[PDB]
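S.K.: Read off the chains here:
Protein chains: 2
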Amino acid sequence: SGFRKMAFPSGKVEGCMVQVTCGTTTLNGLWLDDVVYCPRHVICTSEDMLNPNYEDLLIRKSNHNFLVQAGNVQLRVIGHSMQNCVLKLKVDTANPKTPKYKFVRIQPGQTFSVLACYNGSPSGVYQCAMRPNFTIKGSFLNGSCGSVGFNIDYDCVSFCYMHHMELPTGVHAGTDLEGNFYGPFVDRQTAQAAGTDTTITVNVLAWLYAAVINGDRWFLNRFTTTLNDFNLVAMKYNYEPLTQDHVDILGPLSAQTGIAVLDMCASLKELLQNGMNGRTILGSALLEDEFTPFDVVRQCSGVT
Amino acid sequence: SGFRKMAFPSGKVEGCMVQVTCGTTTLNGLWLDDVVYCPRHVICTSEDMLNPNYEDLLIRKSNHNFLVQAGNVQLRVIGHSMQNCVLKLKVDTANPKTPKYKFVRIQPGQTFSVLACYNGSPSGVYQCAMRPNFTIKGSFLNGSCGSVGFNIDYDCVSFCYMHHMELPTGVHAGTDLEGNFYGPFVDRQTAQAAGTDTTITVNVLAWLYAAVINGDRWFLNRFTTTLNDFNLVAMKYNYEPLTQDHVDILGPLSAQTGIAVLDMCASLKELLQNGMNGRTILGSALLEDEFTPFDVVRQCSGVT
Ligand SMILES: *CC(=O)Nc1cccnc1Cl
Ligand SMILES: *CC(=O)Nc1cccnc1Cl
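Heads up: the sequence lines are chains A and A', in that order. A prime marks a further copy of an entry chain.
Going by the authors' numbering, the first residue of the first sequence is number 1, and it counts up by one from there.
Going by the authors' numbering, the first residue of the second sequence is number 1, and it counts up by one from there.
Treat the hints with care, as some may be off.
Once the Cα atoms are required to be at most 30 Å apart in a straight line, the calculated DSSO-like pairs of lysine-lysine come out as [said to hold, decoys possible]:
#	chain 1	residue 1	chain 2	residue 2
1	A'	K97	A	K100
2	A'	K97	A'	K61
3	A'	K61	A	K97
Hint data in this document are derived by calculation from the structure and do not stem from the laboratory.
Extracted from the complex, chain A is given alone in its bound form:
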């Protein structure tokens, strides 16, 4: 019993983290096979970030200008290219610790683990979600860029995020491992404001199911609702519209608890309208929206 905000074990990713230095800029890279992936802004001074022309800045950079260090051993750079907002540094050594891996582009509401790194060294691991406004709420200091977000399916690491940017609102923006930003964000120090950070309704319901499974039941009520009625309330509270696809995804948790999805929607409706009244659910005073239905099933069944 118990339900914690749980990251994937980080060992497979720890084995992939290198230090990348270009001039006075040091950040992190991801070493898979004989390629090191890092944010392209590794080539920028802070002054450059105001209005960088990356193709023009890149012309002044040679393979020997990209200093790549794995532990205390230097990697030889034999080639480099820009793909969207990442650099691919070809090195002469395949990472011997390369795990089975995929590059995946996640959707808003999907959770992932972040291995926060500085100078190619792991500092910690935490669980994030791709927010509906395509930001993430991370913990990232200067030097943390090139830290990656990932899921594990048994032995295969799916890399979904590389850290690039802090908005002035202190939220985070980054790319998939093809270097495409999530959302409308760009690797330039400009006016970029996040849109509405709406609540991931399907994730809250997953977490309410996790609460029932773990004995927290006080919020179960005598009511039901419909998708359309629930959605009128979701709108008002800046919750994502609940779709039949979400209802279908929640089916296994419905089955296990014997609580119809729409009944749990009616519980969530009362919690939105009435508040917690100073009570907690799974030790939280707000509705947690960074567990997916798949996260709940994983943690409640003990998948390794």
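Fit chain A' with the ligands to the known structure of chain A by using the hints.
M.R.: Quick look at chain A' with the ligands alone, frame taken from chain A:
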């Protein structure tokens, strides 16, 4: 910027987890050098747990009855002994992945990372605290026993917890790596109730400092207090008494923010008396007490 509930990178501990089977009981063991550490109740049937005589149960067990599996390779058991509530299984192979390590016994209020395992395989990592009632609020299913809690100082893993027990209240009890339970708990299926789960005051104040550092300042007020006045309020709210030792520990965060510890105590006093009024601090609607002052400084300075 940003402040997350952050675990240590788990790789060094992942490399230590084995499966231990005795009869029909499978749980996890920790393989360091040529010793595998596991809960002694590995020798019990569920029926035994009602009133186990461990010395008597152990007599019926030989080295060849302890099946120890690291990945898909079996380890040869060449000796076994009971130390308090753990078994030490001597194996003929030193774990080649043994990190630098210590066994440390932590105090209530100290945080640690848990690598939740099943069948010697990691499922996830999360951050816990030794509660003032010597429980922890974990996420542990059947099979999770022998999962360990740890801190890392650069390259040295300090093992502070091994998982043994779920109380009927769904909270967790376990031992240090010498097999001594935290608190008054025993490895028997009996009436054991947790005492008052008081809030770790020094940890809340640390986290309020983390909030200021990361831009959340709305709760800063015009007031101060004294340890004695604050403590009258702490008592009423089941918060741990704040000591001068705690004030001293918070000194660096005081220095960095320029907020006197006692001023931050007066902010915490108003928050206790007045509530959050539906506001959040670092995305939390309750006062977080599972960051130590050392955790805050670590995460805010990016230690690896
Ligand atoms: C994203 C990131 O870490 N960027 C950065 C900011 C300031 C200094 N160095 C770096 Cl890298
Ligand atoms: C502590 C733990 O994991 N114990 C347990 C309970 C039920 C079945 N197997 C085990 Cl091991």
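S.K.: Would the hint linking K97 of chain A' and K100 of chain A be met if the CA-CA limit is 30 Å?
M.R.: 20 Å, holds
S.K.: Within a Cα-Cα threshold of 30 Å, do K97 of chain A' and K61 of chain A' meet the stated pairing?
M.R.: 28 Å, holds
S.K.: Does the structure keep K61 of chain A' and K97 of chain A at a Cα separation of 30 Å or less?
M.R.: Roughly 39 Å separates the two Cα atoms, so the pair is violated.
Of the hints listed earlier, the one the structure fails to meet is number 3.
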